[PDB]
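The chain below stands alone, shown as C-alpha cells; this is the form deposited in one PDB entry.
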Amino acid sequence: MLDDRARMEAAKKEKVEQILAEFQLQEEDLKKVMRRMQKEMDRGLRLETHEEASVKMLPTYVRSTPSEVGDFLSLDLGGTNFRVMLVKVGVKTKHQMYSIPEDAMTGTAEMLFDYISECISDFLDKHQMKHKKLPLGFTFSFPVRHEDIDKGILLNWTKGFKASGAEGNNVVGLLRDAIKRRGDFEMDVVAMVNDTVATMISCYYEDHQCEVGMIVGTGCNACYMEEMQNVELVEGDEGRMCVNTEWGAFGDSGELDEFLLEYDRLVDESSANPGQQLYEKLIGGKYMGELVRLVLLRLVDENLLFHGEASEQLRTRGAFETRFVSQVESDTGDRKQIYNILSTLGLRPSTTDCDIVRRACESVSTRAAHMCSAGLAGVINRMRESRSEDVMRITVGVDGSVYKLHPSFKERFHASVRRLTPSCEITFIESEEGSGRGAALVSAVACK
C-alpha cells in the first residue's frame, strides 16, 4: 500500500542521511584544520624546519620588483592533457592541446619528454615556425625545488604521474635533453612555473591586487606573494616572492588523521601515491568522483541503493567521473540529469535512487569546498598578519575544472573562506585566458 512504501522510503532516507552525516565538518573543525595548516606553512618557510615540514612552501623566483616584447612559447603539463601556446607580448594567443598516452604518464621520463618534444614539433609545423627559436615558459604542475626561475628539481610526481628517472632531476634539463635528442627544433627555455603561479600572473595582468593563485582542478594547490624576509630559503629581504605552498601534501605527516573517513583511506590505498597528497585527495577532481563512487558502493552494500546490486561500470575504478558530480548537482529537480549519468553507468535507477546519488554528491563536494576553504583562509590570514594590515583587500586568481564547472563548489567555498578570514575583503577572479598567458608574461621578464 501507499503507507508501506512511504514508511520504507522514510526509513531508507534516514539511514542514508546517517551515513552521509560522517562528511560533516563544523566551523570549529575547519578552524582546527586552518590553524594546523598555518603552523605547517610557517614551518615550510623556515630554514630550520623546511626539511621536516609537510607543506613545503617552495620559492618560485617570481618576484614583485621587476619587460621584453615578441613571440613566446608556453607549455603546460600536469592539469588535463599537454598544452602548447604561442603568445605575443607587445597579449595575443594561438593554441593546441595534446592527449597524453597512458604509457607516457607511467613509463620513463625519456618517454614523457620525447612525447612533449613530439607535440612541440607538431605545433610548430601547424604554424610554419619550426625554424624559429623562441623563449619558452614551462608550466609544470608538480612540486619543484628551484635554484632559479629556469632551474629546478622535481621533488616527487603527483596526480598519478609515475615516470621513472625524473624525481631528483632538473625538469628544465629533462626538457632540454628531449629537445636535443629529437633535434627537430630549438627553443630557449627561460622560465618554469607552477600552474598556481601561471594563474596568479595571468590574473594579476587583469587586476594588480591579485597576489594569490589557486587551482581546484585535477589537483589542489595555491601560491601567494610572501615577504622576502619570510622566505628564508632565498637570500634577501626586499620586496615579495611568490611561494608555492604545495598544500596538497598537508596531512602526509598525520596532521589530518582524525578527519579521514574509510572512503579517504580506500582512495589513498588504491592511488598511485599511497600516503601522499592526503589534503588534495579530499578536494581534487582526480579523487572527488572516486570518493562519490565508494560512498555509492557503501549505500549499495547497505541495500539503500539500486536494490543492493551494483553494475560492472559502477564497480569499475574511476568510472564515476568528477564531471558527473558536477552534472548531478546541476539537476533542476526533475532528476533527468542524474538519470542519464546512472543509465550510462549501466544502472536502472528509481526516482529515490537519483535523489540519494545527489545527496552523496553534495556530501563529498561540500566537504571538499569546506576543507579547501580552511587552506585558503590560512594563506589569507597569514598574509594579513605578515603585512600588518588592519583590513586587507586582496584578489585571488583561480583556475581548475572543479572550481569553474561545479554548480555549487564556488558558492560554498567563497562563503566559508570569508567566514574564516576576519577583516579581509576578498575578490575572486577566474583565469579565463589559460596558464599560457601567465607563463609567457613570466618568460618576458625572465628572458632578460
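Positions refer to the first chain, counted from 1. Basically, rigid core = biggest C-alpha set you can superpose within 1.5 Å across the two forms. First, how it differs from the form deposited in another entry.
The residue that stands out in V231, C210, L134, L256 is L134, the single one whose Cα moves by 2 angstroms or more between these two forms on a rigid core fit. Relative to the superposed core, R298 shifts its CA atom by less than 2 Å between these two forms. After superposition on the rigid core, the Cα of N221 moves by less than 2 Å between these two forms. Residue displacement note: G284 has its CA displaced by under 2 Å between these two forms (rigid core superposed).
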Contents of the next structure:
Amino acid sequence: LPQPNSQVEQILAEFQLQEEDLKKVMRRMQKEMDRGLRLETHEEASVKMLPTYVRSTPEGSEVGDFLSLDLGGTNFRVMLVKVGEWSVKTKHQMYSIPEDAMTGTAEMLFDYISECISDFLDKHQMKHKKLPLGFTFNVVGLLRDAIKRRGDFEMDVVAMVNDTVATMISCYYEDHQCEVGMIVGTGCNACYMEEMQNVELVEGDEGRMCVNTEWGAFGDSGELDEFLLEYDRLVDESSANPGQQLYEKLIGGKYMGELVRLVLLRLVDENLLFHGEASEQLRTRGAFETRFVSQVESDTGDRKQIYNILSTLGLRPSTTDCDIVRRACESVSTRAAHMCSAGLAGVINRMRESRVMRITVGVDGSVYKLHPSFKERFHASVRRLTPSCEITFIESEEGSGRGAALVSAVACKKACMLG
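Right, the form deposited in one PDB entry is done; let's see the coordinates for the form deposited in another entry.
If you are looking for partners or other molecules, they are not here, because only the chain is given.
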C-alpha cells in the first residue's frame, strides 16, 4: 500500500474507536440492559430486554405435528413436521408461484398459497387435523384471512418469533452451545439466554429464558453523544425518527451508504476529492447505496469496481479519488463493526458472570454476510473485549430445513403454552 494523503487521513481518523471508548460504550450498554430486565425500571428503559418466553427446557409437549412454511423469493416450501423423543421428522414440497399470482394483490397470492397447502394436506391425508403453522424465511394475517376465505380446512397460524430468536434457534440446531442470536442487516439486534432470576418480568428462578434486547433503541438518554460525528447528527436529523434508534443508526445497513455519502461530500468541500466538484447524484440523499460500500471494499486493487460505482453517479474519478473512496468506506464499516462488538461484548461479559466460558453466537444479516471484511473485524474486536471467553460464530445454513423446522416447532409450542 502507498503513502496515504495526510489531510484525508485526518478527517477519516475521527471514525476511530480505541479500546477504552469501546469499554465505555459496553459498560453503558450493560447498565441499560440491567434497567430493561428489572420490574421497577422496565417501563422507562430504552433497551427493553423483552422476555421471549423461549425457555431452556422443553414445554408445550402436547404439540406433535405442525406445518412450517418457508417463504422464499419466487417460491415457497410447505413442510410437515413431527417432533419426537428431540426427533424431528419432516416431509415437504416446493411450490413455484405463477407470475399470475405473483403480480396480483397480496390476497390473491395468499389464496394461491392456501390452495397449495390444501393440496399438500390432501396428499398426506392430514386435512382432518387442524395443525398449527409457523412461517420461516402481516403475512400471518394474509394467511389467516386466506384460510378463512377457503373455509374447507381449519388451521392456526402462529405468531412469528423475532429474527434474532429464529437465528439463535436454527443455529442452536447445529450447535447446542449456541446461546446468542444476532442480526446485522438493515437494522441491528441481539437476543441471548438469560438466567430466569434476572428476568424479573417473569416469575421463576430455574433455568434460562431467551431475552430480546432490542438494543437498537440504545442512545436515547445520551449514552452515545460523545461518540457522534457531524455525519451521524445529519443522518439523525433527516431520518423518520430523529433522536431515536441512535445505536442502530451507527451500525445498520439502512444508514451506512448515507454516512459514506456525507463523508465524501465533506472531502469534496475541503477540495480533497473530485477537484472540489460533486455530481448532482452525490448531492442526492440516498444516492450512495449501502450495497455500494461492500462493492467498493470488494475491489481487488485494480479500481474497476470503484470506478464503475462512481461512474454511475456521474463522477469521473482519477485513481487517487478511487483510493480515497475505498478508505472512506472502510472507516465507516470499521466503526460499525466496533460499535456492534461493544454491544455483543457487553452481553457475553454479563452471561459470563454466571458461568474459559465457551459460547457459540449465531449471526445473520446482509451486512454481516455480504460486507467483505466486516465479520472479520467484528470477530477480532468482540474477542478482544471478552477475556476468559471462547467465542465461536456461525451462520445458519441448515441445508435440509431442519433448523427452520425447529424454529417453527418452538413458535408453535410457545403459542400453545401462552393460549
